[PDB]
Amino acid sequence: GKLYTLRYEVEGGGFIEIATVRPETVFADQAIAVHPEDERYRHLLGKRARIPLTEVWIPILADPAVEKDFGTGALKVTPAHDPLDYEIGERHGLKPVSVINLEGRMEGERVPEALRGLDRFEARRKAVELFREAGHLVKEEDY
């Protein structure tokens, strides 16, 4: 129902914005991918971004499959939860990390305490509020 834009802290200061309709999967991110020719992010290639609400840092890498006009043009990559991300993960040797188990519940050290054990849909709603309260929610748009 909604598109969320989140700001992830960038190594050395500043932020990089990512858009997603699956905020609960942010904790499984393994990279942020950008098109190599995208002027907005080229200088960030090789630096790292911190996953909101965690102490996990992931690579900002380049991949030609990224569409500069989709979202912010910076794509969070979660190989375990999306088939397109899985293909990017294979090209870059990313390790799939799942934060949603087979029963549909959130699980994992990377998942914030308040979200563990919740079913995916309830976690999606709560994750948005945790991001909002922590200062990571840049914007929310309705479909």
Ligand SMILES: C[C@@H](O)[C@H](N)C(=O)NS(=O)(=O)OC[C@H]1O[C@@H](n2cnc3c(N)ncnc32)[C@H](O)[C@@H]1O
Second form
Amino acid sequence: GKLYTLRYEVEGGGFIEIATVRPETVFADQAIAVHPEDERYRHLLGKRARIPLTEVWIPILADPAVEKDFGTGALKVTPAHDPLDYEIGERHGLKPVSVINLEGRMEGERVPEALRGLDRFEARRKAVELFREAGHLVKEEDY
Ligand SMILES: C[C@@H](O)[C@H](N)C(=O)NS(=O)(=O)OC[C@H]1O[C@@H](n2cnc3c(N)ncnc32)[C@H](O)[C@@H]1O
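Let's compare: the form deposited without the ligand is above, so bring in the form solved in complex with the ligand.
Let's see the whole complex now, leading with the same chain.
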């Protein structure tokens, strides 16, 4: 597998970078969480970030469960698809949004048209290319 670092547009200008090994779940993001003491993102608390390939904006919020040394230190939170995110979601009242159905296929208005209906694994590969082509892929690392 690979680790992808994506740049999400920030309200007012600029970007915040997030790392993930599950690029296909980006569309289910409900928040970007950062540790309240992280100087890299403190000034972004309270502003919003736009999910790549969508017109959806999500809050950049503070949560002490975030590890500054993991990934970029900025954690994309998808309550519907990760157990820790679910807890962050509970702490902040986030609404879980799922973009992968029980049969394992991508679904939902927030999912890019070219990805709807694809099985999760093919969607992962394709999502990376859509991100790359659109200028959201900062980098990729091999395990
Ligand atoms: C699917 C995403 O929405 C999910 N947040 C996630 O991180 N996906 S992941 O598989 O790339 O990440 C693996 C695990 O490491 C956790 N993790 C990654 N970065 C951090 C961080 N900076 N602080 C705390 N946990 C982290 C993720 O929440 C998840 O539990």
